[PDB]
Amino acid sequence: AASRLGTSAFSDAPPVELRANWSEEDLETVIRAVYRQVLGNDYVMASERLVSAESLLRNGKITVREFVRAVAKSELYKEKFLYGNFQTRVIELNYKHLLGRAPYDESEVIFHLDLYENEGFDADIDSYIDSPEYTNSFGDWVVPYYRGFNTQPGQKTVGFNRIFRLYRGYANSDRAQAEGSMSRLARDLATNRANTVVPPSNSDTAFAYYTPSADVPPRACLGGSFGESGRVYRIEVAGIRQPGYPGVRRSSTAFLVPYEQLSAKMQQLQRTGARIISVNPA
Amino acid sequence: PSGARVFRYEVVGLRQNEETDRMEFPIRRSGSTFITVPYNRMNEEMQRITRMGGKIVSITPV
Amino acid sequence: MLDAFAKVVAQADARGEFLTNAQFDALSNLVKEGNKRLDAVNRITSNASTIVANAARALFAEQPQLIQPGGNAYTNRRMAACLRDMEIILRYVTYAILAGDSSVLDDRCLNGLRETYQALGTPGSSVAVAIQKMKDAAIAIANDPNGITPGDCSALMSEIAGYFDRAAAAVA
Amino acid sequence: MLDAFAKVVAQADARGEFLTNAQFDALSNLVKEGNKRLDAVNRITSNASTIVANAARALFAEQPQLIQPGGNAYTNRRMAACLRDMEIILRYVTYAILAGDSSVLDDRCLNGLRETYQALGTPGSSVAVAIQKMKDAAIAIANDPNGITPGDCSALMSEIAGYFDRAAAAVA
Amino acid sequence: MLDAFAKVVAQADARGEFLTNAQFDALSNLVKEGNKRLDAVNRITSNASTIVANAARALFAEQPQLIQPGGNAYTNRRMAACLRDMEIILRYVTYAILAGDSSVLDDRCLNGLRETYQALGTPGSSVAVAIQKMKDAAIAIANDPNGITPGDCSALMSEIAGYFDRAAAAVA
Amino acid sequence: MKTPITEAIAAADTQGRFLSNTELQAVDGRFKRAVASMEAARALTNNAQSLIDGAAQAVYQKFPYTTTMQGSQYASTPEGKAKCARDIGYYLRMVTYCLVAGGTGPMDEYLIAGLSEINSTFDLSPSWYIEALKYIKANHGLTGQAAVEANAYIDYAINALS
Amino acid sequence: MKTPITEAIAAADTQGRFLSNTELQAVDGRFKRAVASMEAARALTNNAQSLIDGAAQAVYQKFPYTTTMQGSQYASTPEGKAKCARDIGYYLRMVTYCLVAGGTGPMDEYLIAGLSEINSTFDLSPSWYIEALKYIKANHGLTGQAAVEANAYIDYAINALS
Amino acid sequence: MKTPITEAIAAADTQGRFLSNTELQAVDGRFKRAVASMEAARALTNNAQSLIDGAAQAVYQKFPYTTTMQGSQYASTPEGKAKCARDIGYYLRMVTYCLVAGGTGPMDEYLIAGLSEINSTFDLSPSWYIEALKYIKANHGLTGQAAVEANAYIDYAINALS
Ligand SMILES: CCC1=C(C)/C(=C/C2=NC(=C\c3[nH]c(/C=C4\NC(=O)[C@H](C)[C@H]4CC)c(C)c3CCC(=O)O)/C(CCC(=O)O)=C2C)NC1=O
Ligand SMILES: CCC1=C(C)/C(=C/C2=NC(=C\c3[nH]c(/C=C4\NC(=O)[C@H](C)[C@H]4CC)c(C)c3CCC(=O)O)/C(CCC(=O)O)=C2C)NC1=O
Ligand SMILES: CCC1=C(C)/C(=C/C2=NC(=C\c3[nH]c(/C=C4\NC(=O)[C@H](C)[C@H]4CC)c(C)c3CCC(=O)O)/C(CCC(=O)O)=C2C)NC1=O
Ligand SMILES: CCC1=C(C)/C(=C/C2=NC(=C\c3[nH]c(/C=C4\NC(=O)[C@H](C)[C@H]4CC)c(C)c3CCC(=O)O)/C(CCC(=O)O)=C2C)NC1=O
Ligand SMILES: CCC1=C(C)/C(=C/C2=NC(=C\c3[nH]c(/C=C4\NC(=O)[C@H](C)[C@H]4CC)c(C)c3CCC(=O)O)/C(CCC(=O)O)=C2C)NC1=O
Ligand SMILES: CCC1=C(C)/C(=C/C2=NC(=C\c3[nH]c(/C=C4\NC(=O)[C@H](C)[C@H]4CC)c(C)c3CCC(=O)O)/C(CCC(=O)O)=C2C)NC1=O
Ligand SMILES: CCC1=C(C)/C(=C/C2=NC(=C\c3[nH]c(/C=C4\NC(=O)[C@H](C)[C@H]4CC)c(C)c3CCC(=O)O)/C(CCC(=O)O)=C2C)NC1=O
Ligand SMILES: CCC1=C(C)/C(=C/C2=NC(=C\c3[nH]c(/C=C4\NC(=O)[C@H](C)[C@H]4CC)c(C)c3CCC(=O)O)/C(CCC(=O)O)=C2C)NC1=O
Ligand SMILES: CCC1=C(C)/C(=C/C2=NC(=C\c3[nH]c(/C=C4\NC(=O)[C@H](C)[C@H]4CC)c(C)c3CCC(=O)O)/C(CCC(=O)O)=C2C)NC1=O
Ligand SMILES: CCC1=C(C)/C(=C/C2=NC(=C\c3[nH]c(/C=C4\NC(=O)[C@H](C)[C@H]4CC)c(C)c3CCC(=O)O)/C(CCC(=O)O)=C2C)NC1=O
Ligand SMILES: CCC1=C(C)/C(=C/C2=NC(=C\c3[nH]c(/C=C4\NC(=O)[C@H](C)[C@H]4CC)c(C)c3CCC(=O)O)/C(CCC(=O)O)=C2C)NC1=O
Ligand SMILES: CCC1=C(C)/C(=C\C2=NC(=C\c3[nH]c(/C=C4\NC(=O)[C@H](C)[C@H]4CC)c(C)c3CCC(=O)O)/C(CCC(=O)O)=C2C)NC1=O
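Residue numbers (PDB author numbering), protein chains in the order written: chain Z, 6 to 287; chain Y, 14 to 75; chain B, 1 to 72, 75 to 174; chain D, 1 to 72, 75 to 174; chain J, 1 to 72, 75 to 174; chain A, 1 to 140, 143 to 150, 161 to 174; chain I, 1 to 140, 143 to 150, 161 to 174; chain O, 1 to 140, 143 to 150, 161 to 174.
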């Protein structure tokens, strides 16, 4: 299941280490890929590229690790993400761009935030860059890639869910996303709450399903529900627009429905135009 | 300024496949490798190179 | 990395002269015998695994010191490494055959390979013996005259032998 | 990374002695002529592009070997690199002139550059000639008296020339 | 890195023969007096700060040039660095003592420490003197006759002195 | 360079696997097309001088102002006419390198890289060379699939300059 | 290697702190158990020859096809019987090493590393060694906690082969 | 499932009340009848194969046309005869389930749950299964309370099919 989830093809690793480290062409590719991963697929204009770093990069004086750090600490990166977002959101973006994953638990935010508060941002990026994870998955000669999709390293299951919150498509950039300018994985991270996977748009209608548990039914039924034979299936929906009496209200929401009624409820929801995000047993 | 003044490190061939099996990328060449280390990260870089294994041949202030 | 075509055009660009008629006809000769080159590389790559495995068995039979305790092809981890490097050399030589030039063989192999073996303490002479065993195996499989259209490909076989020899000399 | 004031304090810290009266009057002279220094750096920075471009035209006329095919400047990639490095050297030397010392210039720009060019194969002597071309251009436009409060600052111009010369000698 | 048990196993693996009875009894003797080793490491770690501080006072009394202006330990930042490195070598020697072999001491740390100081300009001889001061301090704290069940620990004391000596000789 | 042969080799090298039939098929296609490619290269090189001078005059006619306005970036002086001839000769020599290499490798590495930088610093507007390449593409005097491939490379250069 | 003492040392090294009392307690427990571990190691090495020979016969009985099938990777030849007496001996030797080291370090460094690769290149079947290890675990003739430790290492190897 | 026990539990749950004496009396009646129910279930499963075989032959005799007339609904092929055996086996298994459950719950949940819809879509005739159930109701070979309860459940199925 590749196309719907969004992982079109992320199925190899681009090193630059070679006898021909320049390789006369391959270095161009490596530079592009670093820009795509570190700057979050931002469209960097030609004039503002970090020419000084690339100089040392071909010369061999700096490794790919040093190149990634140079971009990460350069003001090019800072203007896009660091200066303009909530600090916790910046921590999330750092995890996405440098270590190719999402925060697995609240302790990650605790540690990185404390670094930022005392040592400064430069030290925060340093910690990501030289963390054991970066040193192992990548190797100072391998451009960072989104390894969060693969589960081989050893990670909390929630990680998979969480990475799909940050990656909202191949085309998407974190400077320009549906929920941008505010924390995307903050309220959930404190409560260790799982997230339903929101597939990115693909030649069909899209309705980004925000999931604030402030006003939603619980994940479980927490009762007998209607009491009819069979368990209680929780159905989510986003784009409810047709029946606006005061204005529909809470256009994106979930309903806990007993099994026997699901069919009926389904058609009602389809009538309003909302595309059901998920139907999970509760 | 308690910085700059970079030092070049020269590294003995990392035997590899000895406590570094976990490393994802396979090392492609051992030894005859020069790494530009800055003064501020010199402490950490010593730790990393030695933890991986191997030795340092020479250190040249540039 | 410059394959044969790329090599000739690169030197001609360094001199700054339009490709001369002699160079054109040399390249046309290369294309005329290209099918043979492709056939040879296909046959070598189809038996890659068997080539490496048989050569390895022969090497450890002829030089038991390697697999005796305390030797460099002991511990089953170093055995895996040795097999890996033999097949790596075979892979890059097949790349070279397809290219028609030794550029790939020297770039991403043999360049700072002698030093790595020398620092690890692995005998480079034994590595050369292994390369030679693989040379005989590959040249035989690449000149096997049964199952294919007839012809003479001795020139290409000598070229293959030259690549293997270059590698063996560079490591020993 | 030091500037002129930092240079005198660093020396005095090495000796362990309070700033001597000679150093005090030297730095007072530096500040009394500070506006001159600022004007010079402003003029050079404002004309950076034209300085580099004119110097480049002159260089590729006085050493046609570099431009002629097979010279370290053909291929239009290496041409871009040459222009890039000329501008880089100008940038760091302007940093130095604003600072008033050469520490910034020798810490980043020419800190081993000679070895880099020696390995690349680019002649360091020609690079020095290019730096000299830039030197005369920049000196001329900084000493241009047309449209500014008058007053002789030959000393500052000599210092600018000295920094360019230090770079040119260090790269060759 | 290896420890005592690991060291004998590794030598036996190099030859390829099961551990002989003599090696078995040797390591059993080592583990029989292991509580001595634990006591020594516990006492040294509990007095780390005073060990380094007293040794530092003695070092700068014996070689005042270091704290005079312009010397390598001057300016209070390099003084902090000097204290840090003294504690670092103490820490790695403590690791070695708990292990029972100096393998860890020479495998991480002292692996080019001499070289790093030589490049920095820091006098290795002075470092050696400091290591000796710490040697006396540590042997005293680990050999104090008061506060523990009486017995013999002189063998381990000679071993500890040996580790400190190895560090001092490797850094100078 | 990005030569089809070495592109296949690199594709196999990044995945650490012996050359599969995929790469062999690619190289086979290159050898099949090489007959026409070499014919095209021979055609362009044999009449190279004629095409170079014709293109120079074409640019002079399309942009008369380039032959009159004073300045270093003009061919008003005989030295400027010489440099113009040298540049258009470079373009033709590079296209004949690309034809023989079998791909856009030569054009990419020995030209088209930082071309924007150079054309902006010395103020050589790309349009001049674009029109010159257009003349070459119209007067090359090739036929068949050889003409097709020669045109394709020329147009790659044209679009790269734009 | 992954010896208890050394892993405690590495754990302290990653934090950069002197060995705290927790680590010292751990290594003290190691030393306390070492007396029994070395007694078991002596017992295993004193009857090593009988164990190796018995395991070689056990695998011959479980897989008769392996003693008749012609080929290099079979014990149908006397050379193959020598190879069996070599490899089974290596596994028993590694078990004794693990017993002395108090951890799986030796097993990982000298056996398990790359075992998957080797059994595929030389056409060996892991099941052979698995059966041999089972025989060794049943005839080791140890008792008590020492027996528990030895059987744990043997089963580690068994599960690694599988 | 509409087991008597679970029915009482649900009746108390919808009112959020602790189990009153009335519910306890009902469950006691269940347990009183359960001795005969379990005896009957054991009897039916002891003769399960014989009962299914006999019922199969009964419908083959009562409707001979079903064993000759062409059509997927008919058993004019060995696979169709297998389907007949399978379905009468389903009915017998459901009867045993209902006997142990002490109620018609199992019969309603795993059968009699759109039986009309399915037989109509396939166009299979209810009469077939009705006669098969009749044979089972006569050949069950029970006596006493067990007999009356088992025949009651079989008749429930019969009237539900119509
Ligand atoms: C500290 C700032 C800094 C400097 C100084 C620097 C120098 C520098 N110049 C380079 C290239 C180059 N530099 C030149 C320069 C020249 N060619 C000539 O004919 C002239 C004589 C001369 C200019 C006056 C050329 C031709 C190359 C290209 C080498 C190549 O790719 O083949 C390279 C090779 C790798 C690359 O192009 O990125 C480096 C590292 N890099 C830096 O980051
Ligand atoms: C935009 C910069 C920024 C802010 C503001 C921020 C807030 C923030 N404050 C936190 C903790 C906290 N913040 C407070 C704050 C307070 N407790 C009180 O009793 C007071 C009323 C109040 C202070 C006056 C407390 C108690 C915690 C700890 C919560 C916990 O561990 O459960 C945490 C939890 C993670 C951690 O402790 O590392 C976050 C994310 N994070 C940020 O990056
Ligand atoms: C490879 C597949 C792919 C696509 C398609 C893609 C789209 C894409 N277009 C963007 C920007 C943009 N897209 C447009 C597009 C347009 N504005 C208009 O007026 C027109 C109607 C229209 C062009 C037809 C603009 C103006 C921006 C810049 C917005 C900004 O950065 O502020 C951005 C992010 C902001 C940025 O440029 O940094 C992305 C991610 N990203 C991808 O990876
Ligand atoms: C009492 C609290 C309350 C709020 C806040 C509320 C919001 C609200 N506004 C809606 C519609 C809408 N709201 C807008 C609003 C805007 N369109 C624009 O172009 C602007 C950018 C923006 C105003 C400046 C639009 C266009 C729709 C219709 C969307 C559609 O039919 O697709 C809908 C969708 C269903 C409907 O139309 O009834 C909701 C739920 N409803 C509520 O009951
Ligand atoms: C793809 C490019 C590439 C090349 C060329 C390459 C060669 C290469 N082979 C190596 C090791 C090795 N090579 C061997 C090979 C041998 N053992 C023997 O007994 C024989 C004499 C010989 C084979 C015939 C062994 C055993 C090692 C590992 C040494 C060790 O673990 O101690 C090493 C040292 C680090 C390592 O183990 O990887 C390199 C770099 N590696 C590469 O990634
Ligand atoms: C964890 C293993 C490890 C070791 C062993 C190590 C040594 C080490 N000590 C250093 C600094 C230093 N070390 C000293 C040490 C001394 N100065 C003296 O006067 C005495 C003779 C001596 C102490 C007795 C000094 C003065 C510096 C600062 C040098 C400078 O930048 O000026 C530096 C240079 C980078 C820096 O820290 O500023 C290294 C690499 N670094 C490491 O990461
Ligand atoms: C996908 C890559 C690829 C392969 C593998 C391939 C095989 C291939 N080999 C061919 C011919 C041939 N192959 C050989 C090969 C040999 N003659 C000998 O005596 C030797 C023992 C052996 C070489 C070592 C010869 C002589 C011809 C015919 C003449 C020629 O093409 O030069 C031909 C052309 C005529 C034909 O057989 O259909 C093809 C297509 N073609 C391909 O496109
Ligand atoms: C949690 C880690 C840990 C520690 C630290 C520890 C201490 C410890 N040290 C002991 C013995 C001992 N302690 C010493 C210590 C000394 N004797 C001398 O004469 C010297 C002055 C001095 C060297 C420091 C000696 C000689 C023994 C004798 C028993 C033996 O050698 O194993 C004993 C056994 C008898 C006793 O309780 O004293 C314990 C339990 N036990 C532990 O489990
Ligand atoms: C192989 C890749 C490559 C290219 C493309 C290349 C072009 C190139 N042409 C140049 C100059 C020039 N080229 C021309 C050419 C022309 N005059 C005209 O009237 C026409 C419109 C035009 C020809 C179509 C002129 C006038 C200059 C001098 C510009 C100046 O000095 O200001 C220069 C500046 C340095 C010099 O004088 O050589 C470069 C780098 N050099 C290269 O190595
Ligand atoms: C120190 C750890 C270590 C291990 C484990 C190891 C395994 C190992 N077993 C091998 C072969 C072999 N292993 C066997 C073993 C068996 N044959 C059978 O019929 C049985 C079922 C089974 C024994 C019970 C045989 C017959 C060979 C030779 C196969 C050949 O030469 O092709 C080889 C190939 C080299 C050789 O011929 O010895 C290795 C590397 N090598 C090592 O260095
Ligand atoms: C446990 C609940 C349950 C019931 C009740 C059940 C009955 C049942 N019997 C079926 C078919 C069938 N049943 C038969 C059986 C017979 N052939 C005869 O000659 C007789 C008259 C008759 C036996 C009385 C045949 C031939 C079919 C296939 C009819 C077709 O494919 O159209 C089918 C259609 C799907 C299939 O091919 O199996 C169902 C659903 N399946 C169930 O899961
Ligand atoms: C606050 C922003 C800012 C400014 C305005 C600046 C430049 C600057 N140029 C100045 C004047 C001047 N500029 C020149 C330049 C020259 N004239 C000549 O005939 C010589 C050839 C040459 C000396 C090399 C001279 C002589 C003065 C007057 C003396 C001086 O203050 O420098 C002055 C003093 C009077 C004034 O305000 O104009 C300033 C502040 N640097 C800055 O950062």
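Treat the hints with care, since some could be wrong.
Said to hold, decoys possible - Calculated pairs, DSS-like style, for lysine-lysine (alpha carbon to alpha carbon, straight line, at most 25 Å):
#, chain 1, residue 1, chain 2, residue 2
1, J, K7, I, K2
2, B, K32, A, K134
3, B, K32, A, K32
4, I, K81, J, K7
By construction, these hints were calculated from the structure, which means they are not laboratory data.
Hint-by-hint comparison with the structure:
1. J:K7 x I:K2: This hinted pair holds, its Cα atoms lying about 12 Å apart.
2. B:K32 x A:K134: Status violated; Cα separation ~33 Å.
3. B:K32 x A:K32: holds, 9 Å
4. I:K81 x J:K7: Cα-Cα ~32 Å, so violated.
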